[PDB]
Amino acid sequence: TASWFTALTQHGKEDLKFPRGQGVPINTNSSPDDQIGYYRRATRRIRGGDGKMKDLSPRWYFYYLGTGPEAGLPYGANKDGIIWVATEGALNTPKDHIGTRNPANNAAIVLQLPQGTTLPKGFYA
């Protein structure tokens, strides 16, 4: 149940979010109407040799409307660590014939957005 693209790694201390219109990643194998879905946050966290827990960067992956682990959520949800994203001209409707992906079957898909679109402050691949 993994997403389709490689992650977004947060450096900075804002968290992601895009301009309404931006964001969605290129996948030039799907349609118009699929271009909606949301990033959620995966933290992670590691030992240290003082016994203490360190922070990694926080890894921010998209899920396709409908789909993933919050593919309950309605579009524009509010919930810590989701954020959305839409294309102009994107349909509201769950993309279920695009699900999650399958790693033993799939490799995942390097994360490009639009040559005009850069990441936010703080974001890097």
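Residue numbers count along the first chain shown, from 1. Heads up, when I say rigid core I mean the largest set of C-alphas that superpose within 1.5 Å between the two forms. Compared with the form deposited in another entry:
- Superposing the two forms on their core leaves just one of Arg44, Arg47, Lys79, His97 with a Cα displacement of at least 2 Å between the two forms, namely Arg47.
The form deposited in another entry is what I need now, so please give it after the form deposited in one PDB entry.
Here we give the lone chain, stripped of any partners or molecules.
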């Protein structure tokens, strides 16, 4: 139960957003029907080298529709820390056949977006 992909890191103050049709990570081993899901914000509060509590940049992880922590949400569900992406031609059906990644069995895929798609403002990898 992990994302198939590495995270997008939020350095800026804006939540992640993509224009309609953009933001689905490249996965050559998946069908055009599969190209739909959400990014989920994950936050960390950690102790620094000075021994004080610190807020790390929020990280956003991609999950295919009907997988991951919000497997039960339908496409477009309005919820804080959840944003939706879909490529033209994707089917609005759960991607049970893809599921989530077992870190014991598989490494994360480095998240890459199609040439032309730019990371939204304040996002780095």
